[PDB]
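First, one chain by itself in structure tokens, the form deposited in one PDB entry.
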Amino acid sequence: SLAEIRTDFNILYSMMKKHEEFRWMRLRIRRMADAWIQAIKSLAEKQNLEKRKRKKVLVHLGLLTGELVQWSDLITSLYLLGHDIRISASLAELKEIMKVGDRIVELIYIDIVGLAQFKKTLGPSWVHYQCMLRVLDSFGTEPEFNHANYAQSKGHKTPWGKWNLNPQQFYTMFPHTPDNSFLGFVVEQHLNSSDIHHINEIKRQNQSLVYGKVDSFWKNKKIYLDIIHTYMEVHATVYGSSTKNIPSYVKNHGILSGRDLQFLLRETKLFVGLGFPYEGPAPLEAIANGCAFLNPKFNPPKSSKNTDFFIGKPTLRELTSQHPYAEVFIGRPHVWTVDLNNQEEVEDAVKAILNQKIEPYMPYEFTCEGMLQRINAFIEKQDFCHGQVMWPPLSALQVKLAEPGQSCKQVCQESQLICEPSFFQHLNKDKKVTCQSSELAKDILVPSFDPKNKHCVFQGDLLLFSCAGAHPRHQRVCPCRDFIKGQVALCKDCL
């Protein structure tokens, strides 16, 4: 009934042998297995992992009836932590795994596809298991969209969301929506021992490498690159089917293996964002190998509102730059977020970059070990099956008052904290805000204070608490917590 840190992928490998569909994940796991095992050992030496209940866990990949990376890293983490995993990837496997006053599973990891299938399967008993769902939703689901009646009342047209879960049951690829939990993935290193001793030998050159494998992504960026070029060589890894948009002076390497790319990143001073693709791993991989990242700034920020790429998403989350995580959670000196319309700002950033030495940096949360700490913490401390939650600890709460036009998400972030939605239920009374009157409302923007009238508005619907949302007129009362540098998902007391 207690859980045992596994270090032998044999049992796993036979589990993942049972479908061709799993081959790509098998290969990923096999490749990283040494890193994965050093990780679980290393964690078990800095953390007592000896006192944990073995949990029976469904995982259902509707996807199989980016993602597969996260699935790989999740499934692997569940194994190394010693839990009893039932992988399903078909209606029949799911239907079999399911069909006294007990529960047949304690955790369920699933994607949006699988959730429709899970619901259709369990029918009425849905409710007996919904507190256990952990929904892999890369782009996230904001409370305004999760909550069906309210979405309808706001006239939202997207068929997505409307599941009425606790929004912390949504698991995202990057920490962009603090209404949801951050699961993430591991940024792979393709370097063995001989490469490590060789990684040293590589002398870094005053040369740039452009981010983008496709000629399309380069379109109308000549002015931007010409500024880079002024000061350093410009290398690419572009699939050269067409080169219509590639300046003549670009030194193309073509598509490289992960191994070869990492060696190239080691002789590169600057990795250059073109503005697409949005929040991918490549810039983390660059920063890890000691490159700086030139991060195009978005004015206005891009969202489901103004960008065809995001239309229909059940979230109004905005991108302030091509890589908001790199912008907010790494920043200078490693990351230089700059407006491409501001030619002077770009030139300055490039001049500044060329005159600083910066050490490599991989955030703890995007390693095998950080991921294991992070998932272990969610499994051991995050329970929705016993009503209102007590983790993270209330000791972590630090209230801020967002000014009109500012979300709780922003006010916490701008003060180097993260909005913690589980603290919202404790902001129910005024005990620099004193009310002369209060009312109840079912709105994502409350609790709110009107400092003109000294009128407070409290949340009347537990499912409408939102880190997301700004009041045009009023101040929002906001629950923030501290977080660990490199491990945003946790606070210091979160232990």
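Shifts are known only where both forms have a C-alpha. Rigid core here is just the name for the largest C-alpha set that superposes within 1.5 Å across the two forms. Numbering follows the first chain given and starts at 1. What changes on going to the form deposited in another entry:
Note: rigid core superposed between these two forms; among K120, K219, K305, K154, the CA shift is 2 Å or more only at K219. Fitting the two forms on the rigid core leaves the C-alpha of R374 displaced by under 2 angstroms between these two forms.
With the core held fixed between these two forms, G405 has its Cα displaced by under 2 Å. Taking the rigid core as fixed, one finds a CA shift for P143 smaller than 2 Å between these two forms.
Listed in sequence order, the runs of 3 or more residues present in both forms whose C-alphas shift by at least 2 angstroms between these two forms, with the core superposed, are 198-238, 243-298, 321-323, 326-328, 330-361, 387-389, 429-431.
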Contents of the next structure:
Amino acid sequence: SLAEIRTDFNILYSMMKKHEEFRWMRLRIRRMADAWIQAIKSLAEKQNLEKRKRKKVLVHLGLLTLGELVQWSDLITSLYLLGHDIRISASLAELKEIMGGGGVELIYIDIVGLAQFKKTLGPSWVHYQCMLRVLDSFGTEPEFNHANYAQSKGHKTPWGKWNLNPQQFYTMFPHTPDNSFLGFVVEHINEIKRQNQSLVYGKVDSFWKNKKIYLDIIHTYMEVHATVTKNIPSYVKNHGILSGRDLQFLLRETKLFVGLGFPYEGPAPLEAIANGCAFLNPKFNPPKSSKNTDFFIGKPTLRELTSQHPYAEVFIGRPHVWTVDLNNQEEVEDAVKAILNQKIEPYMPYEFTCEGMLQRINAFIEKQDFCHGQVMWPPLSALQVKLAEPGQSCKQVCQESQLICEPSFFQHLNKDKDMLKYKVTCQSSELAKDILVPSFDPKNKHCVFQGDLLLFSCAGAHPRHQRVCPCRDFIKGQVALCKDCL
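Complement to the form deposited in one PDB entry: the form deposited in another entry:
What follows is just the one chain, with no partners and no other molecules.
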């Protein structure tokens, strides 16, 4: 019953061959297999992977009943290499059968899958609720997760309302500290690269609408390539749809990967950057959110995107990523001229490598517990308390101190005597059921405390008062983990 690392993919291949949708995933695993195997052996030599319980894990892919398919494939691969006993489900019948047999210790599921879980198991679905890890790309903020609070704020979305611990939501990028970051793995260079080759990001013609001036400025200094036909200028060199090795060859050859504004926060810009490409990242001013952008309306989050790829913008930056105003002709020309003169430096954040994803998912499996049976994680030693100004979120004040909001610490910040420790003295206090508390009015020294523990929230700025904010440190290249979290 102890987990043993796997160094051979034969059994995995056999399991994924049972569902047609895994076909192009198996190809990707074969291409990446040597990287995965070096990674699990390297992790096991560097960190104690001994004496882990082998878990029976349900993976229910609601969406099989894309970036999402890449994330599923990397999660399943990581679980397999770490030695866990994986039961894959892509039907209501498999789901019923796996849960029928009992002994399930951990459940990875998507939003569509979760509705199927509740319907198929009936009222005892809640018995398993603490074992759920819900793959949810764009994230779920606490305000939308709390069904009754969402109704009371007049949100009309069908999404959210699961009443989970919001750290059970697993995101594509570390954009929502209320949630956990799952992510995925990103699959002489002077000689290989065509210095004046740009490639447009966007496999559909619709994405190209109103980018003519932008594309013309790039075309002044570079060839414009595409992999896509009304909106496409005559000078564009279309290679058609590519795949695997061919696309990787094209990226290896490309100096500049050109964002058009859509799609939002995909894997492709990280793949370009890993291959030595610079990424021209459209800036969004004002930021795009469920409040101003049709695509985002109904998403169970108010999170604002400052660019097409906020992760690339904030966690990578120049020289790999140039975040520019598409409508600023001077800034676009300067960016393109600078990129042309840049030395090529292929870059991959550690959190998007095989080893970094294995380390992250291994820490969540071993340490993240909503079922009440394990010591506090992250450990309390990691708490650094910060006061957010009015109009600033807990997410914002941690980030501006090179930290990350840690929602599991909110419970240690929620009464008069606990505040004393953090040089805040409450002359008076009350309880509110609000995402914006605990709060502090520094004028009249009035503290408002959280009356509904499900409403603790890294998201949300108080218009008038300071917020009392739980921050933690993170390992550079591994934002999901605090220094003492391994």
